[PDB]
Structures are given as C-alpha cells and as structure tokens.
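What follows is one chain in structure tokens, specifically the form solved without the partner chain.
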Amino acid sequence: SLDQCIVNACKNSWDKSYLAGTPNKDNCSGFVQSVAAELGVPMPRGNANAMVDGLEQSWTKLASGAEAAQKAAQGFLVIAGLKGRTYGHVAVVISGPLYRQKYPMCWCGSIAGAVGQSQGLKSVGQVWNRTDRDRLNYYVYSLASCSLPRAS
C-alpha cells in the first residue's frame, strides 16, 4: 500500500477513547495518541498544542503536503499539526490524491464536530481553515510503522 497498517490504526482508533469518557472522534489529540499507541510509536503527551510542541522538538519535518503523502505511502506515520491561540489541531496523513494538488488526505477527530472530523474522506486543506492550511507542519517518525506485504 503501504499505509494499510496506518489506515487500520485510524479505523480502530476512531471509536476508542484515549482519555476515558471522551470519544476520539471528539478529541483530535486523543485520536492521534490512539493511532500512535496501536502502531507502537512514542508520542509527546497532552493536547494538540502540546503534541505539536513535542513533535517540533523531536521529529523530522517534511517540506510539503506532497512529501507527507509520499512518506505515508512508504509506511511512515506522518502527523499534520498546527498550534492555536486557544486550541490546536492534529491529524494523521494518509496516502491518496492531493486536494487541489497540494493538500494530503487525512484522518482526524475534533471536539468542533463534523468540520474538524475526517475518516479518510477529507484532506487537511478542507479540515483546516483557509488561513491555516498553508501554515501546517508535517512531522514524520524516524522508522516506518507498516510491515512487508503478506507473504502468502
């Protein structure tokens, strides 16, 4: 794919509650935490702003959304993130055609409701406001999370 393991982790994480009592579909940071936990990727703790701060300090940053999609297609966990004045947002980037040839497809939950939610059917350029989508950071983990295709 080779992002099938990541897509699977997204699907599995959608109905989980990383923070007890708070469905991940209603909590962007919790959703990403559950995905990372399933994949065995260490993550900074906390809300979206805190996670972005941690990723900024420790993870390789990609140059573009196009590169983000390519890395996800190679089996890497790639997080799109941007800090907010009051609330930030984070999302998992997956492989797929770029929206407006620029913005990669994603999975994310959000307390905002539908506008901040994507089950792989929206891009980061639809979830984030127009004044934010060109300001996103894309962080990739140092090792691929996905495995070889099935042997048989």
Contents of the next structure:
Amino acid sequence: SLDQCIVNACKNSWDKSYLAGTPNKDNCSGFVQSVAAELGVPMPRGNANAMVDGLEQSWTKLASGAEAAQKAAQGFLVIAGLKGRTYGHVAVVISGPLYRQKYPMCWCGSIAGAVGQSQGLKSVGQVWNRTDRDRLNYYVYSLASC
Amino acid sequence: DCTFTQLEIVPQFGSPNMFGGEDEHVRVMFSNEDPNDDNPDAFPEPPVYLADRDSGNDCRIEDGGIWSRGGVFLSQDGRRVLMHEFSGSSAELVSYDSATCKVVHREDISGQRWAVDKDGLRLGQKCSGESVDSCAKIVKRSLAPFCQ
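Can you switch from the form solved without the partner chain and show the form deposited with the partner chain bound instead?
Now the full complex is given, and it begins with the chain already shown.
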C-alpha cells in the first residue's frame, strides 16, 4: 500500500505521549505531533488551535474531505482541523471509504473521551458533530511521505 | 428529585439498528447509522426519540450530538433528560425537557473529565485517566440549573 507509512505512524503514535504524562489517546495535538515526528514532517507547535493557525499559514488547503482522502491515499500527510473557543481538534486523514459519501476516515486522540477517539474505524464525520463536520479544514503537506 | 440516574442504552430487538432504554417515565432512542459498527459508543445522527410515558406523547430532538451512548441520564421526576454531547475535543452536558424536547440548559465541559451520580455533577482537571477520580483538581457543580 502507498498510504501504509502513515497508517503505521498512527498505530505507533497511539500509545506514545508527545507531551509528558498526557497519553496521546487523550490529547489530539499530541497524537498529531507524534505522527508528524515519526514521518519527519514539520509540524506547528502548541495546542490544537495553535496547530490549526500553523497549518492555515504554512500548509496547502484542500477543497473537500474527498480530495483530502485522495491526498492521504497518495501517501501524503493530511490533517483535518477545526478550532474551538478553547479546545480545538485535529486528526490524521487516512485513505478509505467516505462516510455518508462525504467524510473521510481518520485517526485522532481526544480529551472528550474514548468516544472522540479514532483508531481508523471512525471518520471525521463520526468525531466532529453534525454542524462542525461541515466546517472542517483540510491541510496537506507539499511532499509525500512515501 | 433533581437527582440524575444513568440510563443504559441497549439494542432494541425488533427495531433494526435502534438503541435505547427506558424507565417508568421516559423512553429514549437513537438510530445507529454506522455501517461497520453494530456496537457503537456514540450517535452522530439525529433525531433522538423521546417518549413521555405519562402523556403517551413523544417528541424528537432534531439536532445536536454527537450523543455519547454511556452519557444519558434521567431526572428523578422524569421531567429532564441529561445528555453528554461532544464534537472533536469539545464536550458539553445538555438538559432537555422530556415533554417538549427543548433544550433547558447547556454547559460546556471541554477539557474536563466528568461524572454524574446521586450527589451531583463532578468535573476534574489534570488527570491520569478518564476517571474523574484520577484528577488532581475536582469541582462539584450543582445540577440545579438543569432541573426545575
């Protein structure tokens, strides 16, 4: 598989803790940072909101979840993100079947609980709610990871 | 009777892909639209069905979520349904009128571990695990604003 490198990055980063004492599975930004670390992809610093500002400035914005899954299927690193008033959220888009023919499959940790967490079996549409999943932004890095 | 009791949400036999639960007062139901999970932990797609057993009437909660399957609670008098809803890393606790299905109260809990029991609501920060009791900071918040 072409997107396999990224799947592995996600799997491994699952049990790590990018910030000490905070398990990645409980911290979205941490899990993303770990994935970017393993893949050697430059990643902006700080919490979720900050990371979204970073990607907004320095990364390519894709048009849709579907296009995002295209990039992600090509072995690119694709981050879906949206800011909150305080706690934002970010997730790693992976290749696969779109949910409701719209929302792509993701990996993310979440402080909201096990419910917000995705080991690849949920898409951004099952993580963000009905209103937020339509407001998502998708960022891709200019260079493939495979 | 401002006490809240967790309401287990389970598969309903005869109603394909429905999950729900009930007590003497209220019935609550979700539809599971996840293609690959017959044992989902949450419900992204509305509506949520609320049956008032007293009145015989029922109503729908048409938008919201994502609703946590482990997160539904009934008030003692049956007049309120308290639900945990989350999006991304954010989360909140929302109290609906069981007769009207109207939002009565809403509280942003993002970042905090949480629990609901006989005593009231507990939120906590700086935690080792999802147990609120792993939290180096624990606040007891009153559920009164969700009631009445």
